[PDB]
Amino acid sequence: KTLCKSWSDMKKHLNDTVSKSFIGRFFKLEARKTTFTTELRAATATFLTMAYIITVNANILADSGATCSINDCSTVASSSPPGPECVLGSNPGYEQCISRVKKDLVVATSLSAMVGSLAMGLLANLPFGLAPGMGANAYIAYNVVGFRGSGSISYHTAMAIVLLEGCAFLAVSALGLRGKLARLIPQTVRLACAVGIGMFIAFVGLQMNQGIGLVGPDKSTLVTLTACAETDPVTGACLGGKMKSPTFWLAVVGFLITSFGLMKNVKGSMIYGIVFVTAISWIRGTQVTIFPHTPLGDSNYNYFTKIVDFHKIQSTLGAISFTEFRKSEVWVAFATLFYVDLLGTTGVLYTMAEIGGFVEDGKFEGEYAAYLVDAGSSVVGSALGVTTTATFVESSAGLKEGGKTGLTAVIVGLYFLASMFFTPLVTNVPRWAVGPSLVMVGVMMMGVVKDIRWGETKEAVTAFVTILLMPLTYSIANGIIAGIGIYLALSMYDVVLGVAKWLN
């Protein structure tokens, strides 16, 4: 009987004693009508919903071959291994390097999230955390650096682009040239870019090398549904048997558990889907294991036996090279990244300002600092080996419970501190586990499609071309350019001419 009353006899005392110290006046706990206990609940509610991006980022950036290259490949019977042999796989020397890089990138993501969340919390009094944004990881990894050394731009130039974008976004928002520039883009293309990004992200979660493996090549049509069980030992090709891949069905079950948990309003759901299909795919012996019986697979098992390990960044440290900025596509990629980051932290940071009573006429209490902290987080994360950071939409779950001061973004950072020590259990997440997690992101980003003015013709074609050309051409830069070209030709050639004639 006294157990129930013990919580209440101490919670009020602790809340009264904490608010009267330096911290209570610092975080302004006497105003905004918020007690200390609610801050701990809201921080947990935000972290559990945001905890899924500690593994998706690592598995989506480790595919590009961050530091590993052709020089540190293994030795074979030939004289020297050629270009398209090591990076294609089936080589112990390159896979051992990629394992270390994957181990290194998790700590880099955790540190970047720590810095972003803590810097926002201490300097802006706003209760939402930070992490490497979802949407710019795929563009940098699967489109600029390429899949394991493909494309043209190398990894060092790709990380220099992040520094350049962060520095260019610092002195474009401190001056005040953001609202004059953020509202210049018409609402149709801005709103329809997210749908195309969601399609592109979900489409890459279905290939065999990236995701669970539905789609595959075909000789007559471009794509086909393989889901093949017996696949090629080296590359990916269907030999015999469709819809009988055990990994595919395990991934479908994992998707079903996430979908059933998102309804019924369970806060953290995208993490329990990954945990289930990973704990299942940790048992050695079956056909869905992540631990084979190869010497390469034994190297990943005599590291999972220990569950806590303080790992040091030793491969993907500061790696910046400006010696390749004199060509063309580097600037196009920089401009595309700037365009993606401009529309991201504009319609998101304001939506979470009208949920919680922060908003006033305009210019709520965290306008100036929250933008500079968000922009400098990308700079501070670029040297660590991760892409640009952004304010996560999933931080709204903490606002709905009562968190209003800046203490939430400090406890989120402190939670992210304790998630770095568990690297052994984060490196060993299979790709078919994070496959289902790339589809729900697209599903939740598609929810804004029911605001485009489909009644008009120009606003419908401009949205449809942008939505369609992004996943079918396998490029994010090919959607924005097409949308802008369609929008300019339909209107600027008829409307602007009238304005020019009206000057006479």
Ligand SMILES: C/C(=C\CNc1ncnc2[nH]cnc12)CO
Contents of the next structure:
There are 2 protein chains.
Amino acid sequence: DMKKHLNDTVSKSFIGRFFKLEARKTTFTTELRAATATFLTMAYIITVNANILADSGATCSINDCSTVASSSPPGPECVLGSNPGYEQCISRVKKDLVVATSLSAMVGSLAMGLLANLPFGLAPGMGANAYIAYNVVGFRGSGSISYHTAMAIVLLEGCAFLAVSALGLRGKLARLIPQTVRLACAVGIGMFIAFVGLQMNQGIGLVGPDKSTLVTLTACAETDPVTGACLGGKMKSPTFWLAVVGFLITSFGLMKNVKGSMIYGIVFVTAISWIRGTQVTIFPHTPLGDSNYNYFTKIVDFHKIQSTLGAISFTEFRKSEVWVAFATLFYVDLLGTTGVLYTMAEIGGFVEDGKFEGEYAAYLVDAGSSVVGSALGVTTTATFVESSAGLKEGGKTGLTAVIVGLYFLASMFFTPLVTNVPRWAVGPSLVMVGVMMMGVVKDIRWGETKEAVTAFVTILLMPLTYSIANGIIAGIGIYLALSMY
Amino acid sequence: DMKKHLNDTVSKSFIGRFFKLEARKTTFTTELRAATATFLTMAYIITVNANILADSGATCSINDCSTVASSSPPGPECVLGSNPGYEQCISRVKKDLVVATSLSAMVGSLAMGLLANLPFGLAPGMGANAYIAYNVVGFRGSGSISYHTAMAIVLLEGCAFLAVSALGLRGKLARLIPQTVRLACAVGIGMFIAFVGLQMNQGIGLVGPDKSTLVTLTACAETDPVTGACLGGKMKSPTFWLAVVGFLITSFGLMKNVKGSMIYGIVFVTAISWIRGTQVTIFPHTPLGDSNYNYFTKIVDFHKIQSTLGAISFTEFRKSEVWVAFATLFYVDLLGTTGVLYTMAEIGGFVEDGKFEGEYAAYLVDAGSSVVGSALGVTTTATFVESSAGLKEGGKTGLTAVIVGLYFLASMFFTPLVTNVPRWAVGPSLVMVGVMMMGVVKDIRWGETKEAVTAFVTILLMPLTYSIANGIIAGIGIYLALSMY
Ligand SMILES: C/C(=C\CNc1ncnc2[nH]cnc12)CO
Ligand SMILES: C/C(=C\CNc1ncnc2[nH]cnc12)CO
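Output the structure of the form solved in complex with the ligand; the preceding block shows the form deposited without the ligand.
Everything in the complex follows now, all chains and molecules, and the chain you saw is the first one.
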């Protein structure tokens, strides 16, 4: 009877009256269990998002390169790599981005818990970060838009979404969109994300260049340090097989319904790779590896934001090729939010005939916690679909988001253990999230050619052309041209 | 009453008794209408397959190159292009391949009509030719296997299939395969075929190379003649827009259910491109264009096979990297035939409780008419899924295949009109067939992760790695590893 008296003294306290613990039958233990389940399922993003945004040309630029035998280092030599100053800068930025993402997940999860009494969790999810980490800012200073404007457009989009959802218009704005294009985009983004975690610059290394044909299987061991082409060997890379083993371990966690799956595989691969000396190690004997090991000697640390702190440059909104990014970010956010939260509501005992009793505040918290992320060094956030563990277990009030935020407190003190995760351990998680996103393709009306052609074009043009915007543009254009009357 | 007496004098003739026109209620007019419908739907392959196999490094080799200022032309300079002798050789081979494909479609359609009394049509379909035109023989002499062995493996596979289906084993052989892998392969082959008709060497030219990322949108006009890289311009290619217009015309033929769709778009684009003088023309003012126009001056011709006549080299079955191609061709044929014909049977009034009354001969005719194709210059054939027009209209006997063969007689006399079809008019047909193949993805069990992971891996690894065999191997390996007990 030890649990019963704790539950009832909590319920009769002011917390219980504030959250109405008596109504919507549930106890403190069930809510805590739901919160820990959701955290275990969704904890994979503290490192995945940080690693995605770290190799995305952050504040570090050509001005922070080291000194070489030449007079001054020009552009395309430092951003490529093989330079100590830029590597140290990127290591510091990757160290900072973990704390930035944890703070961005806490601010917004606490808001969703307090302002609205709903059991959800918020953090900067896939999509928008996968969009403006390789398509807008490019890979290490590529593309046309610098990193400063990439946060400015996120701030503008968040403010625009807040304005649009405050006074009621977004309900009538996201309903006129065709039904097939929404699902086609949702599938194409997942396919593109899965494709990203395969190349031999951000993933395991299963795909590379070729002269005659564009893409060829090159999981190859002799790997040129400067660029990444191989001088022999095929499907004998010591790291690719370990990554595949980790992916198999993760995949054999989805069946039999284990609590959290991706995090276990990530930590298994990382723990195996932490061994100093083997050919699969993450700390080599170079001075960079020595510094990384010296920092890893201590397991807990209190890092302070010093590099990518709030710093927004509003001096680039005078040209083209930037407003299109804003338009497509608005489109993607509107596509996601309009469906994910309403679908998530049905699992719980919340959906009513024509209202939700908390929709208005939940939609404003989701958009509201985007300015805080833009002036932090991260991208837009969204209600997580992979929070169904809590709704399946229990808990109908704001003891899920608050406890998730309290757990995320105990996630930024372990920065040394989250900064040395190898790049090849991320790939399996990206592939798994691509599979989960693609799982919805069975809801598309493939019968009539009008929807089938549009869906196929939108799905295909995203991974091949390596740009999310082209798929949406080509889907909308085909749908408009076919329906000309 | 003019039609009635023709119908009854045909029925009471020996043809009617031989085909049992009285039973399986139907008349001569209905069967002829069904045959013309099937021919109009499926006539798109006389030129598509010829164009696919023409730029696949045919008998033409380094020994047929012209004379230049150097002593002798080495390998990688002639097969690339920009040489008169090789261009003339490839033009002659493309001229011959149309007649070869027409003969291969006739022999086998007549057999399916006479030996078995079923209304189907046979021709070398997509898949196997898309496989051994860019993956085995490669693009113009690439890869590891010469063109001579590519026909030898087809002959061996056809003989093996005939032996396997003669004495009953293939019924119990194609049933132990997992259900998800079959559909995953069927979708991946379609995706790969659609991807093929996009590159700027065999398709419209929407996809090309890039340094940082592997694939980038490059529908670009300034196009280097030697290789195909552009020195400026984007999405302003005068031929890409015409190809897109043709694709739209074809797509606005699938709704409203017009008889044949792809052929109309192909002939529209080709007729527009036949104009001499414009920047989109197919006959330029170079001597090659002058010779092509001189041959096009006459509209009808009786071409005789002179280059790729039966010529099989059985001297390469001593090494590796060839038996794997045989195994995967056997796998693909077994995957296709086991489902397409049984599904096609249900539409007609033929399927019974446990038999088909004609399955045994139909399965042997399909495999039997592969040796004749191998010793002709083409690839394996299969019963066409896009013959549903006849079964929907009428006709329950062998007046469909015989009339289809008679029509294919009136398709090789028009070689000049089938040899000058531009390369950019083929792409829309490839994309449309990719859409039709992908349409089946809704039948895959995406619920459980065991099937979803396998299906996603098999679907994704085909277009990215640019090889059909890798997708099948990676699907089978994952399915075997996940189910280890
Ligand atoms: C809505 C956006 C991205 C969509 N991503 C996600 N949307 C919903 N749940 C998730 N879990 C992980 N990532 C996501 C960006 O605004
Ligand atoms: C079975 C094979 C290829 C599958 N291709 C096709 N299978 C069935 N119908 C068709 N129509 C056009 N192409 C096809 C090769 O043996």
